[PDB]
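Colleague: One letter stands for each residue in the lines below.
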Amino acid sequence: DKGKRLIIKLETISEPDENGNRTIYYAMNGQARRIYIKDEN
Amino acid sequence: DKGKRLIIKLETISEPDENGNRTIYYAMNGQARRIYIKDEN
Amino acid sequence: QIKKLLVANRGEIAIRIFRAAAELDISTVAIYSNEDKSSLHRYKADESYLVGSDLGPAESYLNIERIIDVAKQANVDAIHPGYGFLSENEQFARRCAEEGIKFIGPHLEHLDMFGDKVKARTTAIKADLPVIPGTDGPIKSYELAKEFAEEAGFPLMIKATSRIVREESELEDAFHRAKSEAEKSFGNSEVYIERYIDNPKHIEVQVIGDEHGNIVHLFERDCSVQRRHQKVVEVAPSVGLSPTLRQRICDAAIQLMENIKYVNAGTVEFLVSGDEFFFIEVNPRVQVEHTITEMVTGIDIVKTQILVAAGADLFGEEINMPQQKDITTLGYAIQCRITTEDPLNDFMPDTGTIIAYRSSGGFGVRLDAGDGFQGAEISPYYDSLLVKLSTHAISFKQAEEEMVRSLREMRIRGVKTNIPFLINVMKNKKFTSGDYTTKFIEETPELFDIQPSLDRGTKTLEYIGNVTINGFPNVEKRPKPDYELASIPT
Amino acid sequence: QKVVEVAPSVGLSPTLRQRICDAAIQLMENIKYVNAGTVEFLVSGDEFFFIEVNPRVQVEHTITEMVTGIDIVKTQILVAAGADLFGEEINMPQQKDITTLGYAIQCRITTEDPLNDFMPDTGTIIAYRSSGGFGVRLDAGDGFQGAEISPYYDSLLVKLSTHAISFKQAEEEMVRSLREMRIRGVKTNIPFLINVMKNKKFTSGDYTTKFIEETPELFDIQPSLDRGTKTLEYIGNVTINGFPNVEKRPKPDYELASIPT
Ligand SMILES: Nc1ncnc2c1ncn2[C@@H]1O[C@H](COP(=O)(O)OP(=O)(O)O)[C@@H](O)[C@H]1O
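Same order as they appear, the protein sequences are chains A, B, C and D.
FYI, the numbering for the first sequence is 422 to 462, going by this note's numbering.
FYI, the numbering for the second sequence is 422 to 462, going by this note's numbering.
FYI, the numbering for the third sequence is 60 to 549, going by this note's numbering.
FYI, the numbering for the fourth sequence is 4 to 264, going by this note's numbering.
Worth flagging that the hints you see were computed from the coordinates, not collected in a lab.
Please note that the accuracy of each hint is not assured.
Straight line, CA to CA, 35 Å or less: simulated DSBU-like cross-link-like pairs of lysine-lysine [said to hold, decoys possible]: (1) B:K423 - D:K203; (2) D:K171 - D:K204; (3) C:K290 - C:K63; (4) C:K290 - C:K489; (5) B:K425 - D:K254; (6) B:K459 - A:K430; (7) B:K430 - D:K233; (8) D:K201 - C:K62; (9) A:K423 - D:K162; (10) D:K233 - D:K203; (11) C:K384 - C:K178; (12) A:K423 - C:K539; (13) C:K486 - C:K218; (14) C:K96 - B:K423; (15) A:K430 - D:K251; (16) C:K384 - C:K498; (17) C:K96 - A:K430; (18) C:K218 - C:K185; (19) C:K290 - C:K199; (20) C:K384 - C:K456; (21) C:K185 - C:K205; (22) C:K384 - D:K201; (23) A:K430 - D:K233; (24) B:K423 - D:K171; (25) D:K201 - D:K77; (26) B:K430 - D:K162; (27) C:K456 - D:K77; (28) C:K131 - C:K178; (29) D:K162 - C:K486; (30) D:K5 - D:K162; (31) D:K35 - D:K162; (32) C:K486 - A:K423; (33) D:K77 - D:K99; (34) D:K5 - D:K203; (35) A:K430 - B:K430; (36) D:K162 - D:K233; (37) C:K161 - B:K423; (38) C:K320 - D:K171.
All chains, full assembly: derive it from the sequences and hints.
Modeller: Listed below in structure tokens is the structure:
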């Protein structure tokens, strides 16, 4: 919005796990953050 | 010591940055904790 | 006489004690179950020791002998039980003293006095305090439903010495449940019925005694906002209590305790309807919500407990209590526990890793750390309590506000929390007024008008994420090519 | 420059206070001051000498809020909205009913490396943990996890303030807090502040501005002892640059050992 913005940094994507769910390491507005995403090999 | 003792858990490592340093994501005694290391390859 | 101290507990109250003890230059020792291997309170003492490689975490903090064993191994001068494990248990206090350890607490006779709801009924009456009329002793021998019947007054109840019961023989046949309940969770298994006092305010008084015969009270906490069994929000002092009513309760508090020579901190619990008050129970120990009282008085309750256990006198250069008339509240303070009880889903404790974590601070705000920090894993084994949050201001409005805004500024990701629920409460016209009773939650269905809040951020992180890992349709899947800048005239 | 601020002064006579206040109310009365303001003074025994006015809020306001329970900044705002000091929004008590319960101390956790002569250190904060519990107040500044500290600004990570009926208790707590905070990635002044906080001359109460310059052993420091910090340096060196005379391979999967005691 006006004067509201997101600053996002992608730090790493891990290696997939037992059932193909990678872990994204972000920083977003002075905040460590973790998202889980389904890989399709 | 007697009743002291470290607890370390390694989360990931990041692929090197432009100075060739990698980011280790640690947890030691219930604080997230990150450390830098120049790779030698 | 106390050079080093062990805390027979876990979580926030361990972390609070370690800090008191720290400030007294006293060295600190922590114990932990197998399931608390990575739990914050372990790291907050100087020393810490596993209890038994082989003892179920359920029962690892109630094993009298092993705790004391771990204690002797380390020249502990005192154990602080904290609350709600071995905190009210004479056997433990007895076994402490015998092994030459100072149980930070009242006297064995103050524990036995109060451990029983019947023992503590008599005590209250024999010190001339009002009581809730009830089965003169407990009962056993069955058909124990049919009797106390039609002789007291309409509203009734079955409580269970340490359900409503409106009669119409809803007594014998809501006497099916009892075999698996007051056998397993309660102490000595017994049961006795009570006049149900409707629409009551729940007010408790903080008391402290040295070992020299000096007692004071630190005024009243208002513990009325609760959801079923348990306390949700506490406010001190009670915003909605008349000046005299507050006196009489405070006088009774101190009549009971002066009368059986109480020692250390304990709490007298009352039930308040209109202008009558009644004695519920005593709590021979610190309570979770003592924070509230520290904030409006200035007295450090835990630091004081330790110091009384070391034989300091209330009015001495080291505990330094004001004469009673100088103990005062200044403003109002409020508490609530950030837990992982999910509101949307029948308030389950939730279970996981906390990925992101952020508190509050500034004016009026005090955080007592618990299970919760950035790294942490929360487990299903102990009662979830991430953070105790308390706020404080000259006015109760300013206090509460100060609370919503630090509930709102908070950020805990990876588990669900009660924050949405707590916010609704703090917000409510009923609470804001101060006049509320214990049916506040019954009578407010808006309180569970939780709705999963949108957040532009997380959603966005979840797109970017998808596209980065698994690309976008028609678009030659390839690392994000490097493009030319070209500046946008305007 | 101001390092540590106590309120109210544990060294003033009942009467000095009264005059040092009486004076401030008459200067500001005279010129009809509005919103908030600090009249600084200088005391020497029984006589005192006006030095300064600060027509604004001060860093060390928190100290005064703790001991009186007034929200200076909020009033500041309410006052600008045009609002009776004694009316509804501000509920400020009349002069005769304002008091100071207990004592309260402040200090600014900065990045002034007191070993490189107090040059403000810069860079990325790789661990940040503060504290809390009984009368501790943290006002955040620049310090968070992953925060990025630059040359360009007066460095201040956290404002830390503590309070208590007794000035020793308020001291005992501040020091506890300092020893608890763990701030990594950057140097801080924590070791120096600890040393001030723990000094006989400080905790006493009678101290003058000459306090610091007259106290050599405040700068007595040994660069922090790390069992836990150095070791991580190792565990994540070997993991990447190997170990000279061992198969570069991953940590092999080893039999569980049983260790009779
Ligand atoms: N006879 C009664 N009449 C009305 N309310 C009661 C009565 N007994 C208990 N309560 C309410 O229910 C709550 C639970 O009872 P209590 O015995 O205090 O449980 P706990 O030991 O877990 O505190 C109390 O806090 C009180 O507010």
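Colleague: Hints first: check each against the structure and report whether it holds.
Modeller: Verification of the supplied hints:
no.: 1; hint: B:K423 - D:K203; verdict: holds (33 Å)
no.: 2; hint: D:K171 - D:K204; verdict: holds (12 Å)
no.: 3; hint: C:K290 - C:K63; verdict: holds (33 Å)
no.: 4; hint: C:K290 - C:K489; verdict: holds (17 Å)
no.: 5; hint: B:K425 - D:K254; verdict: holds (26 Å)
no.: 6; hint: B:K459 - A:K430; verdict: holds (22 Å)
no.: 7; hint: B:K430 - D:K233; verdict: holds (15 Å)
no.: 8; hint: D:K201 - C:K62; verdict: holds (20 Å)
no.: 9; hint: A:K423 - D:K162; verdict: holds (31 Å)
no.: 10; hint: D:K233 - D:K203; verdict: holds (33 Å)
no.: 11; hint: C:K384 - C:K178; verdict: holds (32 Å)
no.: 12; hint: A:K423 - C:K539; verdict: holds (28 Å)
no.: 13; hint: C:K486 - C:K218; verdict: holds (33 Å)
no.: 14; hint: C:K96 - B:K423; verdict: holds (16 Å)
no.: 15; hint: A:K430 - D:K251; verdict: holds (33 Å)
no.: 16; hint: C:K384 - C:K498; verdict: holds (34 Å)
no.: 17; hint: C:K96 - A:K430; verdict: holds (33 Å)
no.: 18; hint: C:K218 - C:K185; verdict: holds (22 Å)
no.: 19; hint: C:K290 - C:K199; verdict: holds (30 Å)
no.: 20; hint: C:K384 - C:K456; verdict: holds (26 Å)
no.: 21; hint: C:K185 - C:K205; verdict: holds (29 Å)
no.: 22; hint: C:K384 - D:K201; verdict: holds (33 Å)
no.: 23; hint: A:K430 - D:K233; verdict: holds (29 Å)
no.: 24; hint: B:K423 - D:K171; verdict: holds (32 Å)
no.: 25; hint: D:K201 - D:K77; verdict: holds (34 Å)
no.: 26; hint: B:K430 - D:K162; verdict: holds (31 Å)
no.: 27; hint: C:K456 - D:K77; verdict: holds (13 Å)
no.: 28; hint: C:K131 - C:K178; verdict: holds (33 Å)
no.: 29; hint: D:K162 - C:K486; verdict: holds (30 Å)
no.: 30; hint: D:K5 - D:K162; verdict: holds (13 Å)
no.: 31; hint: D:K35 - D:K162; verdict: holds (32 Å)
no.: 32; hint: C:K486 - A:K423; verdict: holds (28 Å)
no.: 33; hint: D:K77 - D:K99; verdict: holds (21 Å)
no.: 34; hint: D:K5 - D:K203; verdict: holds (19 Å)
no.: 35; hint: A:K430 - B:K430; verdict: holds (24 Å)
no.: 36; hint: D:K162 - D:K233; verdict: holds (28 Å)
no.: 37; hint: C:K161 - B:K423; verdict: holds (23 Å)
no.: 38; hint: C:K320 - D:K171; verdict: holds (31 Å)
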